[PDB]
Structures are given as structure tokens and as C-alpha cells.
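The chain contents come next:
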Amino acid sequence: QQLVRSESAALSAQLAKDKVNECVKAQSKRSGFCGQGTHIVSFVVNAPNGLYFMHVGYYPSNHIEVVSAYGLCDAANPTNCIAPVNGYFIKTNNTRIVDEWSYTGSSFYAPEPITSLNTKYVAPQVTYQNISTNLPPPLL
Amino acid sequence: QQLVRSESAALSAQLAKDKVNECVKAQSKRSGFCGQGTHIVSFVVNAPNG
Amino acid sequence: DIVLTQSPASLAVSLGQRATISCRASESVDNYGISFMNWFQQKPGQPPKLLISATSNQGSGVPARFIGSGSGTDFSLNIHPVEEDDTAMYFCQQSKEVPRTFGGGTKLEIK
Amino acid sequence: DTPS
Amino acid sequence: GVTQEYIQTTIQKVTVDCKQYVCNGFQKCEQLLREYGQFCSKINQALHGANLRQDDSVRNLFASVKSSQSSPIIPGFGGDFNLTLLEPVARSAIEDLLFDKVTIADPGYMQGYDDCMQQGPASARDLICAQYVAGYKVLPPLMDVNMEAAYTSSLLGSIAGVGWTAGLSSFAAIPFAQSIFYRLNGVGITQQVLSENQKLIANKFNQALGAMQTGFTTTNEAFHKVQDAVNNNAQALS
Amino acid sequence: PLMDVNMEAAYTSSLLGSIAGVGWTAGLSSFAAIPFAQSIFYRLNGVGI
Amino acid sequence: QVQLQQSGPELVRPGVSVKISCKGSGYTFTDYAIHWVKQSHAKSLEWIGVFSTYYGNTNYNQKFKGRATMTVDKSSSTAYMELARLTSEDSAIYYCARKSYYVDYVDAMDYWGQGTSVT
Amino acid sequence: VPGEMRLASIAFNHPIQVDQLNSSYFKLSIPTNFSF
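Chains as they are written, first to last, in our numbering: chain F, 1 to 140; chain L, 1001 to 1050; chain B, 2001 to 2111; chain S, 3001 to 3004; chain V, 4001 to 4238; chain E, 5001 to 5049; chain R, 6001 to 6119; chain U, 7001 to 7036.
Please note that a few of the clues may not be correct.
What the hints assert, rightly or not - Here are the simulated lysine-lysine pairs, PhoX-like style, with alpha carbons at most 25 Å apart:
1) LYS120(F) to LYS1019(L)
2) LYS6043(R) to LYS2111(B)
3) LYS1029(L) to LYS91(F)
4) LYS2049(B) to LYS6023(R)
5) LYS1019(L) to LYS25(F)
6) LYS91(F) to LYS2096(B)
7) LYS6019(R) to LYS6038(R)
8) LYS1017(L) to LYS4042(V)
9) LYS6074(R) to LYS6043(R)
10) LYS6043(R) to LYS2043(B)
11) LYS4137(V) to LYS4042(V)
12) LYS1019(L) to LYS91(F)
13) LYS4066(V) to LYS19(F)
14) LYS19(F) to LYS1017(L)
15) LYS1017(L) to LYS29(F)
16) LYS2096(B) to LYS6065(R)
17) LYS7027(U) to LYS2096(B)
18) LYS17(F) to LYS7027(U)
19) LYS7027(U) to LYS4066(V)
20) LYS6019(R) to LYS2096(B)
Since the hints were derived computationally from the structure, they do not count as laboratory data.
Take the sequences, apply the hints, and build the full model.
Right, here's the structure in full:
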């Protein structure tokens, strides 16, 4: 019995070693691992016979549905299409923004003007919206 | 005999959970996991005991 | 922006009479079913006042008597309790596209 | 059943 | 093309009456066994703890299966792709194909005890009737097959998709074909090729989908593993 | 043993020839077929040198 | 308690630019865009332009692209607007208004200024 | 003292449903609050 316990403990120790070299030393994008709220910093402390972890996490709330577009072009120029970087293009519901579209982060609702910092140029696609007048990011 | 089988099942269950949180919930570039043809969406269904 | 028109150019009614206003658009204005139609009220010597919005026949600064109606190119306003202080010019406005133009309007009057 |  | 895998997550849960396995209450046994009664207590405790572990793993698995949000699913889901895995609204037809090809003995619970008894066919040969001779008890699974079906449809509702940042907060809520195009740009296929070949992609994909009806043979190793999980459970009881 | 040791060696010979490409996207189907030294420099630029 | 105080009317001579103002009160001035419209007749009105009070972003009616502009003094909580190159055809009643969303994604003109005029 | 135990169904928490729209635009679900 003692031998069996020792072997399972060795395997368990390897798992702990792996989490210290991923879950603790750096942020991870895998999910599954660590706490279940995306991943943000985690900590570990000594415990009898083992290691004890604590994982800080992010929990979403109060979800709303909004209108969004796959990307934006230019009705005057089919090769001018853009797409958001790490975020989305949403129809505006905010009184500060005169523009019909706005940029948001995906972890939290928060509209902002679309700027070149939040976009990348992409090949055109038929599902992209075409702008009939003014789109400032790029203006041309 | 039952205790040994139960422990191996627990470890096997952990592997299944890992694939649900990787092979199913996300596209992967890692090879290894999932079928060997790069990766594109995968599916899971109920099976007895697993 | 899409052109708006309205009819009859003026309407005269008895007190407490039900009344309505037609308001055609040159092109359908619905985009994702939003409609973007606003109605406004004005009297001489005064600024326009918001009345209703395409999904709001209550609130938006008015009593439930201002009923919005229609879809696509056709819209209307329906008021069952007209009173003398409801006599005003009325204006459809389209928020679907810039310039955000709006109709010349019609005017209600008590006989 | 519920607590005391 | 496709591949398949079976990952066992549970052991059938059983308990054993420690009086009945030795004797039937004959009184010489009843008194003699008292000297060894603490061994039975150890046996029962060990079996009980084993069964608790089995139920613990089920709850832990389901905690990752659930999503904060998902798409509704209707017929014609997935667009031009065939998607025969969709439920016959029901457990999916694919799950039922697996269950039909499996050779497992008919289940306990209802009618249970009266399927041992003479009020049933004379041709039953189930170990489940032998449960009431041997003092065995087969515990029901925690998971409930109807609730399980709800969990698998919930997973299908999280599809479309994996892209558009981590996806751990926001839910894209877009058509399946669009998520496929996104994935194919993710492996370096140009967008232009994808637009030219869209029907070809659906045809090759549905050819691979159709191949699933040949997936239940003894040469399919994942299928073979499913059958041996059943065999192992039955073997221990025998 | 299930496999002859020479075939086992042949499997590891193919692994030595599987080096380069290492990166160049996921590397899943294309094969860069470039010198070993070049793949090393590619890996060294992978850590910001 | 939202208010705008439009500046008084003026009979400005042609070829002179004309400035109009309408300071906010009772709300945070920087959280809502200003809308500007022109009324040449009780039956003839048109949008002139919009100015974000937070980011300074604008859009204008294309007829006025070479003409009128809008500015804001955020420290004074006030908006200013001006029309280049006045002509006798430009005499009009003008109104400041505040942007709102009573309905999702629908621009509403909400509160209106008392009006000013130019001749 | 307390009465009899109560039989109960095991609850199943449904995910919030989100519509999968036709054409070039779509509904998107985004949280408006969070907690650590």
C-alpha cells in the first residue's frame, strides 16, 4: 500500500510542478487550468504534505446584447477594409460619439471611437458594411 | 480491484475535461491533442461511462 | 438621407376627435428593424419638441395618446383624444442616415 | 429541513 | 476526414451487502460472523468512499461543460453542412447508434426487482436479476441522461465560436460556416481560395460526415474501447 | 519487441530530417527544407535576440 | 433641469461670419453631443451639424462643408458655432439641441434651446 | 422541532440564450459588470 501511495504522490507532485511553471509564473490563455474566470495572477503557499494554490479570477456579469458588424469598408473604395483588433465593432448607443460605429474590448462593455490603434487592414469581404459617407480611421 | 479502477477513472476523467477545455472550446495549433490533421472544430457526445 | 413627406398638409378637427397623420418615406428606413423614426411638435414662437420614437409610443416626453405606427416606407401618428393644446405643427424625422433630414410637416387645428 |  | 476517441470517466457504482455475501442469515453464520464484523465495516466504508469519488468527478466535469450563454438550436442549424449529430427533438441519433451497437445487458432501476421476478419473460439472463441473489446493489448515476442531453446541446450552442479573442466573456453568436472560414484563415489558407471553393468545402466536409455511419465496427478502436468498458463492469460482477 | 531496431532507427532518422521548418506558421504541411543553421537563427530571433 | 442659453439674435450685414453660442446648465456638459439645425420657415428646417463635446468630433451638412463650423470651450461648459460668409438668403432661426437615446441606436434631439436668429 | 425532508428535482441552469442572426450583422453578448 505504501508503494502505491508513493507513486501517486509523485505524479501529483509533477502536476504541481507544471502549474507553478505556468499557472503561477505567467498569465495563461489556455483556460481549464487555474481558476475558472479567464486567468489573472495566482499564488501558492506551503501546506502540510503539499502545495496550496489560490487563483484570482474575473467573473462577467449583467450581459447585454448589441448589434455588431464583421468589419467595415468604404462604399467609394472596396480595398479600404478594416477590422477591429482584439475587440468588436458595435453600433453606437453613446451620446458622446457622433459616429455610427464604435470599438469595444471583449472582456467588458465599453464603447470608444474607432481609431487606427484599434484596427488592422484586411482583405475585403462581402459581409463587411460599406460606409456611405465618413469613416475617420483611416480617413482616406 | 475497485479502488484501483476508480482512481484510474478519475485520472481519465481529468483528461476528458482537459480536451473539453481545449480541443472543443478552442482551435489549437499544438498537434498532439485532437485528431492529427491540424485542428478544426471537434465534437463530443455521451457514451456509456464516458 | 431618405426623403420624407407628410399628408394632409393641415388637418382640422372637432374637440376630442381622433386624428392621424400620414408620413411616407422615399425608401424604406428600417435597418436591422430599428426604423429610426422620430416625431416632433412645434408651435410658433417655440422650439420643436420630441414626441415619440418608432418603438416608444409612451415616454420620450409624452402621454400614451401619441401612438406611433407603420414600418418600411410608411409611418403614421394616431391620437384618439385631440385637444386644442395639441394643435401644433408636426414633423417626422429620420435618424437612419446623415444629413438626418426631416419632413416639412403638417399642422393640426381645432375647427 | 431548514436550520434552527 | 475524421478521427474518434473514447475517454472513460466512470466506473459503474456498486455496493455489497456484507452479510448476504457470506450467508443468508443462517444463524450459525450469523453468530460466527460477529467475530469478523469489523472487517465488513471496513469493506462497506471503502466501497462507500469509492462511490463518492465517482460522483465527485461528475460534478467537476459538468462545471466546465456549462456556459454562461449559448445559441438556441433549431433544425437547419449549421447551414449547408448536414449536421446529423443534431437531436431528433431527444438524445442524438449518433448517441443512439452507439447505444444500439453496444452489447450491454438491459438496465436496472425500473422495473428492477420485478425484472428478476417471475412477472416478466422467462428468457431474461441479466446479471441485474442476479443482483438480488448475490446482495449486490447497482447505484444509479448522478448525471441523469436527460440532464446530460441538455449539457451536450449546450456545448453545441457554444460553437461559432472559438475566435474573436479568448471568447471567455463575449459570445459571438454567428453562423457555423463563418466560424469555419475563420478557422481556415487561421491555418494559412488564403481568403480568396476559400471564397472560390465554398461549395467544395461543404461537399468534402459532408463526405467526411457521411463516413461516420461506418464508424461502428470492431476495427474502430474507439468503438472497441467503449465495448470493453462495458465488458469490464460486467466482468467484475460475474 | 514489436519493431525491429533498424526500423526504430529509421523512425528517428526521419525525425532528424523533420527539423527545418520549425516555425514558419504552425509548419503543418509545408516544409521549409532550409539549413540547420538558419533554423537556429530563426529560433534565436524567437527570444528577441 | 437641463438647459441651454442661446445667445440673442442679430441683424448681421452680409459677408460677415456669424457666431452663435449656447452654454449648458444642469447636466455634465461633456457627456452629450450638440446638434445644430436651421429654420428658414416654420415649414422648412434642416440639420446643420453635430459636435461631440467630449472628443471634439464633428460632422456637417455637406452644403455647409465650406461654410459653418462648431467649437467648444469645455472649461466654460459652452458651445459655439459659426457661419462663414453670410448672405441675405441665410437669414434664419437657429437651434442648439442635445443628443439622446430613448431607443437603442436611435438618435433623438431631446432638449431644445429657445432659438436665436440671424438677418 | 423540524418536520419531514423534502423531495426535490435537481435544477438545471440554462445558459442565457442568444439569437443567431441571418445576414451581414449579428447580435453580440457582452458583460456590463464584473467581479473579482
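Here is what the structure says about each hint:
1. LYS120(F) to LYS1019(L): violated, 32 Å
2. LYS6043(R) to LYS2111(B): Answer holds: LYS6043(R) to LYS2111(B) is near 21 Å, not above 25 Å.
3. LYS1029(L) to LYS91(F): Given that 25 Å is the threshold and the Cα spacing comes to 33 Å, the pair is violated.
4. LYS2049(B) to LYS6023(R): holds, 19 Å
5. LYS1019(L) to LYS25(F): With a Cα-Cα distance of about 23 Å, the restraint between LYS1019(L) and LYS25(F) holds, given a limit of 25 Å.
6. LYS91(F) to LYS2096(B): holds, 12 Å
7. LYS6019(R) to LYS6038(R): holds, 14 Å
8. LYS1017(L) to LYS4042(V): Answer violated: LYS1017(L) to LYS4042(V) is near 32 Å, above 25 Å.
9. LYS6074(R) to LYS6043(R): The given pair, whose Cα atoms are some 34 Å apart, is violated under the 25 Å limit.
10. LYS6043(R) to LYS2043(B): holds, 11 Å
11. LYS4137(V) to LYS4042(V): Holds, at roughly 17 Å.
12. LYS1019(L) to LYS91(F): violated, 36 Å
13. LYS4066(V) to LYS19(F): holds, 24 Å
14. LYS19(F) to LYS1017(L): Distance ~16 Å between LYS19(F) and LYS1017(L) Cα, so the pair holds.
15. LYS1017(L) to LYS29(F): Measuring from Cα to Cα gives roughly 16 Å; hence the hint holds.
16. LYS2096(B) to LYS6065(R): Distance of about 21 Å is within 25 Å: holds.
17. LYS7027(U) to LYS2096(B): Holds, at roughly 19 Å.
18. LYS17(F) to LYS7027(U): Given pair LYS17(F), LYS7027(U) is violated - Cα atoms ~42 Å apart, limit 25 Å.
19. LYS7027(U) to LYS4066(V): holds, 21 Å
20. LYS6019(R) to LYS2096(B): Distance ~29 Å between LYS6019(R) and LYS2096(B) Cα, so the pair is violated.
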